[PDB]
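With one protein chain withheld, the remaining protein chains of the complex are depicted in position.
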Amino acid sequence: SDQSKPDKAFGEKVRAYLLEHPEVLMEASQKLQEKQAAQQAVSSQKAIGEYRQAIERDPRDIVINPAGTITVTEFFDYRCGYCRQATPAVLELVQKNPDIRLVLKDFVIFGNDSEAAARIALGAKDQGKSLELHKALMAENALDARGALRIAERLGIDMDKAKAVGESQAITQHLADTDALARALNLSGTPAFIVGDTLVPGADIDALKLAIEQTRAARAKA
Amino acid sequence: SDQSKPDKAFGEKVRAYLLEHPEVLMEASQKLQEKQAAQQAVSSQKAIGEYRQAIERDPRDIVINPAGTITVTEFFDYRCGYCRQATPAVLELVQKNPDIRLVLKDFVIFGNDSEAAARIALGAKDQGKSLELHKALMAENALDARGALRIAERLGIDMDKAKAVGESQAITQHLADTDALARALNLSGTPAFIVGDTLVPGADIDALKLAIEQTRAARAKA
Partner (left out) sequence: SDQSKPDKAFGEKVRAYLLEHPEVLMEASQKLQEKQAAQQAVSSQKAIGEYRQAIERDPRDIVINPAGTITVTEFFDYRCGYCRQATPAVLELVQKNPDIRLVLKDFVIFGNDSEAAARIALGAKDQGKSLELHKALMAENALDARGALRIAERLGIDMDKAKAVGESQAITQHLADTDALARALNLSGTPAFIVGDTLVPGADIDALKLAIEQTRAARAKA
């Protein structure tokens, strides 16, 4: 060709169709949304793999069943209702599958009370009562800072030493770095589970069970 | 046919038109919005008909001119400015058209003050001073709970008995069930008028007048 040649009749027919069947635009918008979601999924799993050393293998982290082969990281806040309602199931899942390694990240999204519960937990970490304290703190309906201390006291934790480690600048740096890790993983809130490349946003227990099964099978393929 | 045959030239012409006349997408989006609005209108009128027994014929409700053939239900809050500015016109409309039956639903959307005005009105319901108390409460600019009591006192209402009925668990259940009815009718706020199948959202006096005329004519067709 050597000439741009307009075709008004073709355009009129295009407009007529679109106006008479505008649902085509909804369908195309849905295609684009599925495209955008797949892009986000790829970015999330690439980030999970980039920071896996920090997500799954941080010495400062509280780890339930450190023998586990499959590492499930949980970002949580001790006063988030979704975290509290998912906690019993998470602990039952570690209870029934010993090959699970549960990394507990303290992702404080609320105020001083939640920060206080996290610091107590991290201070008592090395006294070997993390499973019980985690379950008990999550069990209190309206967990205060005073309540958190009373719960940790009622479990025989060395309170003087747990409080000393909790407020230390090391625990402060630990929590700050965890907040940074959540930001790098583009997390939106709590709970947020990370198993394999998968990210489970929220208290979606069934999805987390499925992801653990997938990772067990995939890692078993060797 | 036996073969899917691509046509890149047709698609290029489609893209060219859309990019050169993207207003077609606005026009199609407008068509879809009109479709969605008509769907919502149908759902609203079907719901109004489903719960008509509760909307128009609840013995606990305050009813102005119970003789009326045409039932106009109003969901209102005594401290909503739109309700207060529409009230004089609503009462003039019942004043000039005796065949109107005005059901007064107390749809408390604000705090304790509004709840207090509603309870006083429902407590004094059976003392035969509802029109006057409704108009006077709506007339006070900054209606407090103290103010509402002073208004009801200045109208000769038996205050000891009106206060006794107001706080009763019956009035509490009445208000709770009304809040539920508004939720089932997908109401967004106050005022909200319901005449025939029509729902008038807000202080749209002209639309309400028109809807009463339509229902009078339709019910007169027998």
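In this document, chain identifiers A and B correspond to the written order of the chains, with residue numbering beginning at 1 in each.
Here is the rule we use: a residue touches a chain if its C-beta (ideal position, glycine included) is under 8 Å from a C-beta of that chain, and two chains touch if they have at least 3 such contacts.
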Hidden-chain contact residue, picked from the options A:14, A:47, A:182 or A:192: A:14
Positions on chain B contacted by the hidden chain, ascending: 7, 10-11, 14-15, 18-19, 22-23, 25-26
Contact set of chain A toward the excluded chain (per top definition): 13-14, 17-18, 21, 24-25, 27-29, 31-32, 35
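Definition applied: only the chains that are shown with their structure count from here on.
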Cα-centroid distance, chain A relative to chain B, in whole angstrom: 44
